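Turn these sequences into a full structure, and let the hints steer you where they fit.
Here is how the chains run, residue by residue.
2 protein chains.
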Amino acid sequence: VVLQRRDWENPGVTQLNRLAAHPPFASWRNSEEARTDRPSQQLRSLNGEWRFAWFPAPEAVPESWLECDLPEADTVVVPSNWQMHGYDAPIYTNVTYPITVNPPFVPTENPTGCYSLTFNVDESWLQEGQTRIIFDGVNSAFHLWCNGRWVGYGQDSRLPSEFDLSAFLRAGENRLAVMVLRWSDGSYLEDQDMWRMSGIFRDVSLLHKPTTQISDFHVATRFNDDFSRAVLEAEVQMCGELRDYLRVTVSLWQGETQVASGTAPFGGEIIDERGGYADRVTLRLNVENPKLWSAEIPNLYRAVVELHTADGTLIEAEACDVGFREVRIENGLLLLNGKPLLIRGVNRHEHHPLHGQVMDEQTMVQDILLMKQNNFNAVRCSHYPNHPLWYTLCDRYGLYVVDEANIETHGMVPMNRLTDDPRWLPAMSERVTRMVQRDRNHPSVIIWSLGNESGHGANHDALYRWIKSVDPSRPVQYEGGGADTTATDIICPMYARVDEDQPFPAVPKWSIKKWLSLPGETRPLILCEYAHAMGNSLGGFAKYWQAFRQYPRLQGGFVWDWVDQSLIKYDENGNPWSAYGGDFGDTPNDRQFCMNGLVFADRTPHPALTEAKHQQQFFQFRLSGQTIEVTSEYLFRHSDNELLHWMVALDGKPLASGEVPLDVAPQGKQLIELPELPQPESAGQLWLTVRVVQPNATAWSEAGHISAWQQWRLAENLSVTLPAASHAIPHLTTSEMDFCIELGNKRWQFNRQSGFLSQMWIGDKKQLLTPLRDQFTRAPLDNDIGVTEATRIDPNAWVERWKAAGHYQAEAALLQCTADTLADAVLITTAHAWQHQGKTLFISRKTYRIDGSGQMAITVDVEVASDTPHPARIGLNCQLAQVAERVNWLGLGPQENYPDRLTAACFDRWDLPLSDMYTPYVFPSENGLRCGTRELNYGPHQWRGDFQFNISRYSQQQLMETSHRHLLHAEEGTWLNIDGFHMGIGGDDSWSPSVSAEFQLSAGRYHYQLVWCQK
Amino acid sequence: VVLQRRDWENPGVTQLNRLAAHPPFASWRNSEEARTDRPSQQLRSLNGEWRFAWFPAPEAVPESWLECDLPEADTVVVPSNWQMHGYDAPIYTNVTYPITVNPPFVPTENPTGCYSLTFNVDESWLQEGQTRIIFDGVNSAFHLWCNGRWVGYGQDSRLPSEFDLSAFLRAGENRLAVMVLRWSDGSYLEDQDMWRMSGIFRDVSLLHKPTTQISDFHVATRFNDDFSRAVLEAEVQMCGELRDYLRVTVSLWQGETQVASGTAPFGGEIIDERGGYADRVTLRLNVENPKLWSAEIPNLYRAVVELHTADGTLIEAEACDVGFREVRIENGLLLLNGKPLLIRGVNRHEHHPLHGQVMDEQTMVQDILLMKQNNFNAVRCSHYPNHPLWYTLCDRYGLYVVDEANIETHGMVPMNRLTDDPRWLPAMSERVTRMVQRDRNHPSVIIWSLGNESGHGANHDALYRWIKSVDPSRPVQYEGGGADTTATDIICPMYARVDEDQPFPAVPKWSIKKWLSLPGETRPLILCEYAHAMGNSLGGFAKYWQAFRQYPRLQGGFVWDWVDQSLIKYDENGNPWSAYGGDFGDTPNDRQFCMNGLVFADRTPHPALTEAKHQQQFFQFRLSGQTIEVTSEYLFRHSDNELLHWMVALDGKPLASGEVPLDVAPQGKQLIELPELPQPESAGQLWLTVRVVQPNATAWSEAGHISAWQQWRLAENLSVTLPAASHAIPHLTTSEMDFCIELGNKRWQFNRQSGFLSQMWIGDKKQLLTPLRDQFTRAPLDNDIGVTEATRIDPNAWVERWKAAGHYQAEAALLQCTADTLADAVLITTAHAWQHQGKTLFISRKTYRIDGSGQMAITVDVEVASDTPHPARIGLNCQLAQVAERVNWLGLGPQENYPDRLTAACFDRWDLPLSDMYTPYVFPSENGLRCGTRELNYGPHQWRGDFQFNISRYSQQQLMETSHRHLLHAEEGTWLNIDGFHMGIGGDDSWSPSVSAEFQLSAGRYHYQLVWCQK
Ligand SMILES: [Mg+2]
Ligand SMILES: [Mg+2]
Ligand SMILES: [Mg+2]
Ligand SMILES: [Mg+2]
Ligand SMILES: [Mg+2]
Ligand SMILES: [Mg+2]
Ligand code: NA
Ligand code: NA
Ligand code: NA
Ligand code: NA
Ligand code: NA
Ligand code: NA
Ligand code: NA
Ligand code: NA
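So the protein lines, in turn, are chains B and C.
The authors' numbering numbers the first residue of the first sequence as 9 and each following residue consecutively.
The authors' numbering numbers the first residue of the second sequence as 9 and each following residue consecutively.
Derived by calculation from the structure, the hints in this document are not laboratory data.
Check the hints yourself; a few may be wrong.
The list cannot tell twin chains apart, which means a pair is met if one copy fits it or any two copies do.
The calculated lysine to any residue pairs, modelled on SDA-like cross-linking and capped at a C-alpha distance of 25 Å, are [as the list claims (entries may be wrong)]:
{"no.": "1", "residue 1": "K521", "residue 2": "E281"}
{"no.": "2", "residue 1": "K476", "residue 2": "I337"}
{"no.": "3", "residue 1": "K522", "residue 2": "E281"}
{"no.": "4", "residue 1": "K522", "residue 2": "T400"}
{"no.": "5", "residue 1": "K476", "residue 2": "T493"}
{"no.": "6", "residue 1": "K847", "residue 2": "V85"}
{"no.": "7", "residue 1": "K476", "residue 2": "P434"}
{"no.": "8", "residue 1": "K773", "residue 2": "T741"}
{"no.": "9", "residue 1": "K774", "residue 2": "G947"}
{"no.": "10", "residue 1": "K754", "residue 2": "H93"}
As structure tokens, this is what we get:
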């Protein structure tokens, strides 16, 4: 029957004998345990070692397994993904389905995981009531047997499947057998851009309920106009025998204090001509001056639902955290408790580099802490309902949640092929309705989502309306089919740009500013995905936030995404390394596209996280003369844990500082008058830095946490006083092959055939391993590469334009190399043409001026052919002989910053170990640049000017040629790139060019100057 | 597998291996055949004799039956309901489910019909392409086998279930085996108020399609503002291998004239980021000055869809009738082709008294013709999709159709228990979606309905939105949950009254006039059910029509209902009689509530049909002096088949008549000035009668068809001239027991103990069989009875009020009986009191004046206690000794008419056989009354006055005591009821008092007078 019916190839069968969905239950038999959320004896964990055997297909599974353990089976931790134990490979594919697209059919070779457990059940559980098993997550479909008897079947990898075991269990020893199929008709609705894994990957539990039981309960909170009064409504449903003595009590608690209570017999109001629900009751509780829930202040109450007899005997209790909040859209604005939200959101997948898609409390809390510490207030469950603990943590720590149905059919052609088909409506409906039934009592959930990337079909409209009917308290959003369809309350595009239209046929991505004002359009716009953080990315992040702050109806977005989906693999010595698509023999695959995180898989931040934190700041600053105006972007809280530190420094040297407590009302302003500062004697630029510091620890941060910063240039005194003329004069020695400049112990050698500074000597010590040469290219970033392949070139990608133009292949041709003696200096003049196939790409004209002080002044003037693709950089590079421990610079830092991602960086004197000047992106690229640098110190060297630089033990060539960071090897000496100019990194998306025009090197002619000396 | 899975007790399983729903297909392989709608060689009927065996449960079916005919099986006609063949009892229950309410479970005793067929298949059908079987209707669930091999399973009794037999069939002889279950989880959605039957009750057919095929096609018609231009859009879908040489042509035909044609290869427009549908194409055809479809003028075009190769080789053709019409709601009005409809509708069940629920073309045509002849323009498919031919006939004859999903869960408590439950969303969705997929191309379908009497649940909202999304061309309506929910475009209440509110909790039925203007309400209102035509009913029909005409947003309604659901049974003599609920041993049952029709089951009209025809007239009339103003209520057609006949008569005697051609524009007026009419010499009332006559036959009516009529009183000349005094003088003979009056061969006898005229003689011949006595009661009508039972009294019902007050048991007490001699007459004076348990209900005071002419003038003055329930009638009753062939009267006729149902009746001289003065309602009651009667003649008797009367061979007692018409026996002589006053019959509904105040006998004191003589 089981093998014959092939229920995993039938979208009309999504379950057999599965119990109804409901909010989290524990069946407390003690009301106080329910109130305080203590463990329940009635809810037992089956998270232990199970027996496991892997089979190539369900047809290969022996019947004996239903009754007896297989001798060949292993013992494995559950929950787990069986790919993480090496039974087969995880597959990373983005859009293209991992299986042949032939719905509802799956491959005959269908990896089958056979799980079994021998466990004890006490007779007390079987003498009365109902024992159910709960599988919180099984990927992707499964049949269940208990003591050799078939119980049921379930689909949807991301919601709990529950089965009544009461008639299957015996007192003492029992055996569960779970046959998990990797592929099913459900897989067609599970095409999310993530590792394709399988197994029992969320908690398994047994729950005992009385025969007369709470089967469901819904909590709603409605408010008056100023939120000074609330009514809590709790609808409670029961199963079992109705009796006149049965009662439901709902009590509301603020910590230790009961603030309200209501008791009633069963029997709801008259619904229609046939009467009402005899098995339901609604309790209504008045609450005066409720403490309101928000991400700013996650005030929670506890609702306890008691099923009991009239004479006071408890039957069972259930409970939930209640957050008093109202979500509504009014006049085109998403409002929370009457105030317009600004969503500082991020998309978060459930990913662990060791455990795959198994989530633990520690990792969840780590993520939430890091999110809040980085000024995020919102998370999107991309793209499925999460582990149930996630919502409880968001309730308590305070994050806004978009809860999203496990529906993605991205690889279909067209994308709505299944979602417009009524035969797939039953399957889709269950993914939506069962999510709502599970999660509707969580205050952190403020918006429902119908899924992701599934086009727009009639099934979406139907389910949109279903949600609106059953839960009017939350807007519904859905991006598919152009982001502004009839199935969405919120214009929720993915990767729509700030100012630039992308007018794709049928599904255009308008500029977000333009989108709001399209004829007839009135809805708020919140990007469901934006700022694709793949590798060295988040270029132009500030452009979004400027727009969000300027336009009331631009209410923010969710960054894509939180965490790199890299997996751990081990070399021959047991050393771990980060792996991406293809590293497991998985093919076809989408390589490094699984890594789009603000943090690495181990939760180490990428540099881009600081840019996010800064732009998402909750305090805004203006400077007018002596006054600092601080504006609060908080909606609800006063600044009762905030003090402003200010500091004035002259080229990094502190001259004055102080602190002022912040006392700013939500949306309010505070004016801070700086004391009159002394004018410094020496020349240079004065810089003001302010930082907002939280003196007191919170649930989510340590004492001294910095939440905001800003800088301004103050007075500048230009250096006019001439350097005292040195007595020494350098001498020029000329040969046919070289110009040699000597200043006592110092030598500079210019090769006359190449025209470059080929060597520098400090006595007998060589300073260079490679000549100082112009560089116009960078080891391409993920954004430069996009979706290009060796198999299939994308001619539009920056890297392919640079390659085709011969930028990487261009050879320098010497046009001019001359040497002149001045009164106190030697002047070397050079000109080079970079050419490819007879076409001149760049001309570099340089002067090197070496004077008696031993300083080499380099002037560089570059022409770039207007018809060549704009170059990645305009700079110099060399391999220095020296390897020094520290890098010291006066410029923007401390972290990596690029021209379109430098707002978070502060101008100061920074000092880091060399290793910190390299960013270990899993896929190597140009990295570690610091911009706006006026002075750089490394070993014996000092460079001064106004430049961008990176410094590391890796050449651009090696970074370009190496696909994985763990394969990089430190080269001899140190590679230095000093750029007059560097192209933006972009990141609006990572599959088309996204570097904004103002950050492309299009000026045609470029000038920079450097001074190189020994310090 | 089949027995173990129990798919019929699982709402998650509505089918197995069933093909997608689609519009009617025939797979023509010739384009001209498709165009002319001739039979297709590729569509074969399996409507022949099948083998049938009945079993008590599916478990009792022998395995051998899959392979071999059961010798004990019978050869039966298919389509059929097996109850109609006597294999088990049909069940009539209204609301209460015929099975224990325990979803999704059905009784273990589940009647099972085993159908089988040995049939031949042509070799050519199997050599190429696809052979499918189509079951148009199987009640209620079935498994299918072919040549012993299991094919599939299907639910939903009212839509076709189709299965691919290509892999199952052999050339030559094949055997189908169909196991049909009476009860399934589907039964929970099929609780319509009708006989509960089962079997293969609609067509079975085989369809051959090519491998490369048209799998679906949708036709839409859009118009400019004045409907002078149209675009026909045809979306065509294919299945099979796509080839670049494939083409679709859509040609549109107006009769023999091709109007437009378009050809394209496959490949739709880009839909989303993944492209478009490669397997679809949309053709757009321009149509100048299209002939528009309406019920008034059902103009049709033919659309032919050809799948072919580029070189011109036809693969296959499909086709449909196209009606160019637009249905929209604008400014609160339902518009067809820009004009506001007035729905003259009726609910029609599919019912045949011999064949049960099997429909045939002849009966359908008979129904449509009778509907249109009686001024109906609309039909509601209560409460399920109809036999596919129904829509074709409505397309061609011109009726507006409400197509309704097969969803009714009336007996649930509360009514929305299933429809609000997401577990039942899949089963409900299929009932809606598969209906739309089948019927969306029919122009006659103007409104979609979500089902009937299933409360209002979130599933309704989802499916409402689904329809609105897939088909914006038709409004969606649904009555459940109060008739004005978010799941309806039209306020569509059932049995809402005209002026009287019925403020039921949660689901009030407001006055329809009041409902329209409720705060915020803007929608049109069309009653989905009104004017419950159960038995002697349709009292107050005129009140609805007056309101419909006065209020723009009251756009009519659908009468409940077309045809009595009586069934034919046979008594000992083999004689057929009409049976209702309970007559098959079915229990519980709802007795005569299955009979609510305007026509008897054999399509003979009830008297109420004429009231409907008259009120639904399309011409309105006013009289002013000599001028008749005729107003047309047609929206589209001119009166191009109409003339007006007028007639003026003095008390039934013709004086003048004439004919005038009608030339009225739609919504226009025509003024007709009557010629100078000669003044009548003799006394009496002149009456003007006009009739609209259709001189020419149509598709739906005969030459001479009368479509409308109206009457007015003109001049009246009151009789002032004294009758010449007769020389004869009556003599009074007085005894202790009697007063006797003699006048020649005539005698009148008044019993002095009873106080009534006990006998009259013409010579020696007795005239009376019972004395002439007052009567205050009637044999109760269905409307008087309502839902009352002997086991459960409804004290509110009229009959129970009359019974409780002792009206039926009240005995006449003589207060006074005196005789006096006048100058030329004898005067008998009587007074009676009717009393029950010491309470005086009625007092009757009479004078009988017998003069020399042999005339007896009776004056009656009645007092009715203000605190007794108002009596059903105030009149006289006697059993006449004579039985005469004819009844002749001057008054309202010719048909039965009552005070609240007499607008259709005309004043004239009528002459009918006695049998026509009895209405054979299947449930006997007071019947055959004629109102406004000034003269009545029967045998030697004449009664003059202003009275209502009925006359028949049945006493009120027998009518009241006899449950079925076939059990009535003509009594000796003739029963005459002559009423001064008679209570209305009501009928707004038939479960609560529905007689309007103005038709209740509440005046307290009543006067009437009669003259009894011998003409
Ligand atoms: Mg399935
Ligand atoms: Mg995707
Ligand atoms: Mg800044
Ligand atoms: Mg079923
Ligand atoms: Mg009903
Ligand atoms: Mg009239
Ligand atoms: Na904004
Ligand atoms: Na990705
Ligand atoms: Na503060
Ligand atoms: Na690389
Ligand atoms: Na009207
Ligand atoms: Na009925
Ligand atoms: Na005419
Ligand atoms: Na009767």
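How the hints compare with the structure:
| no. | hint | in the structure |
| --- | --- | --- |
| 1 | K521 with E281 | between (51 Å within a copy, 22 Å between copies) |
| 2 | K476 with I337 | both (13 Å within a copy, 24 Å between copies) |
| 3 | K522 with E281 | between (51 Å within a copy, 21 Å between copies) |
| 4 | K522 with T400 | neither (38 Å within a copy, 50 Å between copies) |
| 5 | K476 with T493 | both (15 Å within a copy, 14 Å between copies) |
| 6 | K847 with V85 | neither (63 Å within a copy, 90 Å between copies) |
| 7 | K476 with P434 | both (18 Å within a copy, 18 Å between copies) |
| 8 | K773 with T741 | within (19 Å within a copy, 166 Å between copies) |
| 9 | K774 with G947 | within (13 Å within a copy, 146 Å between copies) |
| 10 | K754 with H93 | neither (61 Å within a copy, 119 Å between copies) |
Hints 4, 6, 10, counting from the list given before, are not met by this structure.
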